[PDB]
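One chain comes next, on its own, written out as structure tokens in the form solved without its partner chain.
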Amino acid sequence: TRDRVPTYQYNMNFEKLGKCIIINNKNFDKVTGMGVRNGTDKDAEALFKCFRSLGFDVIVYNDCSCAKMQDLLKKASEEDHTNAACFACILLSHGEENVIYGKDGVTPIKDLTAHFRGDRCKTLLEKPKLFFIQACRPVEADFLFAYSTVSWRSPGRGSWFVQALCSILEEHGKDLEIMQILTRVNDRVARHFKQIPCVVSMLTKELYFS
């Protein structure tokens, strides 16, 4: 156990927890050579139920093109987040070094997350902007990326990362700090199933969802 020192936490006294966009990419155009991501629907249903329980306003998009992924995220950053404590985005798709697949092709992950930079999304300034990425193989303060693999998916059970994340969030999403949750997810993928997830944190405070 640890204490909770209020000037070291992110202020959660807002009207809403925040938006939680889930991009569920399962079917890709032939021209990409990428195949159907069996198991992603199970991941998307478990993640949306999970983030709803936490208090997020979750929206689930499906089989998005690259222009769509860019458009929805740019528009989401142009909304007014004044009443929200944070923001979250979950990408489920194929990927390769530094890029994520749409159904028509490929787009840099940096271009998708840039929309929420402090100078481009002033109402999320000083608030955590979480990005969870399951990709099958200061203007940057307050970001945090949880990649699925520094990646496996059971066609009948879902990806290992997602299962582990959702399980940990149900039991401790409201009583553990974000890094404690992701560290336990790291240990679960590593031990319960090889693969290792990767957390990149630029956060300036502790994040508790309650």
Given for the second form:
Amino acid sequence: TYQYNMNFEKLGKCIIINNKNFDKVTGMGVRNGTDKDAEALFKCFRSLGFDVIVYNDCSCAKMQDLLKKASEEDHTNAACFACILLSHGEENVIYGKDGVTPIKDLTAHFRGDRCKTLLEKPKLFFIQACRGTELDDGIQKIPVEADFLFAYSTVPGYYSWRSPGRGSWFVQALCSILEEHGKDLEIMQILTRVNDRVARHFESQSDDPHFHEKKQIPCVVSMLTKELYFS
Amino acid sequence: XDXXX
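Swap state to the form deposited with its partner chain bound from the form solved without its partner chain:
Then the entire complex follows, led off by the chain already shown.
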């Protein structure tokens, strides 16, 4: 009664956009470690019950077209929808390999008035990207915007850290928590534990004191109207 | 190398 209905044939579709290599005109380096992230994500979300498709090095027009077509499909037999964005980023904006596109323009396709088959169903967006340039030093009828959830890797304005060998912090934490408790915890409990893990377990190391011993805290934006379990 | 997004 207070939970999302998961009584469908399929859990839903999970689109993973893994942008690693970028055009020279963007001036951004290769996102080493994102393949580890994308693979881990693919396995976790497959394990949850999603139908997961991974697209690599997409352009802005390609991402827009992708989420557009996804929004135009038939999710009548789907319990929910999920999209994951792995790329370079700035505030309210994410990078394709060609350049930048507004996140709200990506997610607007799944609005209630545009994607009727996902009406009253949860739309999940996991975004691993930076949202600014600032650093954490640390210390010792129904609305069209409803039933959305955004899981950002970091708070607005700050960086999102990524280890080339181990992968990004947010994604690896998320994947661990999903491995262990993905089916017996509610989504907000999971994402809260992700917040705790990313916040505590991680501290950056760099020769430049500007990036030495720095921290990160994820951000969850919930417009959900029910509790969400993946079982 | 060893760094963000």
